[PDB]
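One chain comes next, on its own, written out as structure tokens in the form deposited in one PDB entry.
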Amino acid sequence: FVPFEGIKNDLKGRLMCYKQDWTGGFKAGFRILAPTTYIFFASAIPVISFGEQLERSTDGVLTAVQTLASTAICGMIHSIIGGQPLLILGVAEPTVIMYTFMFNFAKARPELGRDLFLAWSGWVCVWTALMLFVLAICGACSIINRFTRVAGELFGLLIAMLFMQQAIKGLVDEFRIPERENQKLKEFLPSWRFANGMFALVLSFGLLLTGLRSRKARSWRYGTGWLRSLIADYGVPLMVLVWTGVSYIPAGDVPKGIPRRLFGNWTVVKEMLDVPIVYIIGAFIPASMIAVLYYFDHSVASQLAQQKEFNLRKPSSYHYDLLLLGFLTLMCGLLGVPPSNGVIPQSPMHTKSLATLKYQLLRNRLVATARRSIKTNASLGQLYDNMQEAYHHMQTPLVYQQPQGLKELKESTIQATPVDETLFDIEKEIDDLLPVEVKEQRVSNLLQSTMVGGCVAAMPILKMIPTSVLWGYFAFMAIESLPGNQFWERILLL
């Protein structure tokens, strides 16, 4: 717990894999788009829902534009100078709850009111940034190492329950009347309300089930490998588009709003000095709560994306990441947008998608090399050496760790068997000798953040998405927030 020690160590570690990060990201060509698109959807949909929730709960002060811009800018800055580019930054539910509490507090004060809410929030963000700077400088993130696997599994389960509760609440609200829309409307009759609720159930469950099914496309006996990979990669975005199209089928026999549909930044510094100084000090309290929450969430989200099972080859940056989070919180407060923060399950989902990308790249390369070798000599031990050489050649040269390397050829595999091709199937055998590796780089995070930003200018296209799609996706992400963690497995076994 020495001042500035952790930050300096983290910077030392990360500054020697920076150009490597960028060149590795560019090494993959357009194949980097699949994880990028997957994480872009996973980041944009919850943020848009949170933006709608804040617009309803803040009388139009904060909308989806602000949440999207915060997510995009914070993500881009973290991608370029972050320290741990696996982390995905976004506006989380606890932030929404705290901002709702703050808005409710400020609406009941004649001194603050509604036209000074953003300025008071900015002062809260200044206090939070100061607290985060103090915590990072003192190495308070060292206690993160102490928290064990259960301390992260419980948080994952809590986030899963929160996402499921959000999905169920959205589905139930599809059955009720909104508190802001015109009450005397054709689309809001009890019969049409029941119809809307049932249609939303159909669409949400259809999206959930089809996406969960298409997530297993690669392990199918039908179709071609190209089509199987395309489905396994883009099924959830494709399902979003397909169920959006399905929602338009009955449009010739229903009222306008059946089903219900969805719908830069500025500065608040000038009016930030108009807040009386009894609430600038009073911002310390919600600032303390938000600082503790962010200290916990950023760290746990970063460590859940850095599981030992992924065999990552680059160091962690907990202290430096917390310092940068302080800076980003200060910037977001000055810009009048809610702060971003490391979020789950987006971060582990990003890590898993990158691991899958590396696995597929390696499988393609090794299959090609094995097929090339089968024709020439194919001695089954000289071909394994060729595959090992290709694996080593593909890898990126670093200084910290070394590539895991292909694992041992199983005794049963050799006992079963130049090499006879009838008795040695490459597709069956490659999977048995591929390690778990992650394609670590900064390009996927940067592109996902830029896409989230461009969603700001793509609002008319976003106007065509029903909210049932959002609730189905929230359920899909809640299930993704327990992708087979040890704690959930143990609960299943009991």
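Between two forms, the rigid core is defined as the largest C-alpha subset superposing within 1.5 Å. Shifts are known only where both forms have a C-alpha. Positions refer to the first chain, counted from 1. First, how it differs from the form deposited in another entry.
Measuring CA movement between the two forms with the rigid core aligned, the set 158, 80, 273, 108 has one residue at 2 Å or more: 158. Superposition on the rigid core between the two forms places the CA atom of residue 49 less than 2 Å from its counterpart. Superposition of the core reveals a Cα shift of 2 Å or more for residue 247 between the two forms. Residue 23 is not among the residues whose C-alpha shifts by 2 Å or more between the two forms once the rigid core is aligned; its shift stays under 2 Å.
Legend: core-fitted overlay between the two forms; highlighted in sequence order are 145-263, 356-359, 463-494, the runs of at least 3 consecutive residues with CA shifts of 2 angstroms or more.
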Given for the second form:
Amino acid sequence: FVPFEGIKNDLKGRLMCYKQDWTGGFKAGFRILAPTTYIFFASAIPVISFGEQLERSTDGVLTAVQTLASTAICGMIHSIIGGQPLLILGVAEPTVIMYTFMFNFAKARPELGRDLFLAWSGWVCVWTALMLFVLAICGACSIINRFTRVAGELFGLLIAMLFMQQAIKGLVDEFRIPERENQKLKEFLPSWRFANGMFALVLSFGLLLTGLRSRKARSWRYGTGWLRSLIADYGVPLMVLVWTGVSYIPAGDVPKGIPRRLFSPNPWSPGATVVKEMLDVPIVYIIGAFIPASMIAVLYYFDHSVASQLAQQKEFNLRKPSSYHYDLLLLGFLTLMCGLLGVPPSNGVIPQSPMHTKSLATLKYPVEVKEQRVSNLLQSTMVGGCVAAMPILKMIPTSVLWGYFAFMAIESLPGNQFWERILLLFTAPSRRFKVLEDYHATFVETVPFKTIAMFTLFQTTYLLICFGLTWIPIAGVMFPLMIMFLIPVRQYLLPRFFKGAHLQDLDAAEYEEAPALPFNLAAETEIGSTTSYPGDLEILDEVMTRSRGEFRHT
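What about the form deposited in another entry, after the form deposited in one PDB entry?
The next block holds one chain only.
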């Protein structure tokens, strides 16, 4: 933990591959645009959704303009002078939640109010930048190996819960009058409001289901290869466009605001740095900003490092070194800059970074990744240009964004072992052989079900407590402390209750899977030792057709 050692080593390592980092990007030619566009679409849409969320949560102080600007500027700076260009930066949901807490605190205090919210947030960002500088200089990133699966998966499920909560919140508001809108408009009559709510339900569920189906296009037996890849890569934006077009079908027979569209304003309209108002904040609140700043620094020190680790998985066979410490230092500087500019800070986001690395990967029949600084710079510049295209983006209905929130919530589940363990916990004892008939984790076979159940119950209790804490008006801004407390807990307390190899299998740093087992081998196991025979109607359901009741012959 020698000060400045990690930063110096990272800088020495990354300074030998800068010119190559650029030339290899230019040598790829126009073929570098496909990963660029893919990651640009993967980054922009969630950022716009978070911007709308903030617009609703901050009474219009922060909108999609600010989130897009922060994402673009931070991404460009990271691409040019950052250590690991594979890392993708952007505004994330936890930052939105923290800023919502801060806004709610400031609004109820006359000394700050809505007019000094951004100044107080700038002071918070100054504190966060200092904390991140200290963490990077002291080499705190040398212990990121202790950021085990138990904390990451719990945080992911918490963020998925919050995504779904936001989706439900928005869909319920689609039936209500907005707070800052003229209540006398025809679009806000009870009939038109009910119609708008129903149309929002239709559009949101359509987007969600169609995108979820599109995600598995490359496995279809239909169409061309390029068409299947196009669907699998750009389904989300394609479905957003399709459902916007659908929303425009009744445009001629309904009022202007049916369905409701994005509330974020257009920056080009004449109606439209916070350092000047920063001096006006009372000293007591300048000092008190230390409190949320510590939580934000915790969140960033976790998320940045985890995203970089995921983007630098050893299976990619990357040949260039890592820059964790210098990356955290630059993140502190970027947070200071964003606080001074009046925009929310950005940080490493998941799964955008590993998806970018994958988009830059090819197999030599064996993974080889094309690492360079051009794709990140171009995608960040496109995210920035999206600000100028705000008139076009304002045509998107809000229900589509709520559907996208639900989409992210559901997409956080697939590879999450905590979710699989919850499903197993709620599974019937006589139907676990079914669990054993498909791809499954190894701890299902190597760990007794009682220990899995106890571990999952502890994890679920922790998750529910954190979710409930998020609902407390003021104390809810402490949930990153609860997230970090899982490190010492896993390191010290769990070994007392759990026995070694069981913990290692249940909290493995590597995703270990197992292939499907034959039915005969799925019963000799302890977990599948309570196999019950199928019923008569269960058997007949499979040997007779549903269309005409015809017996199938095999």
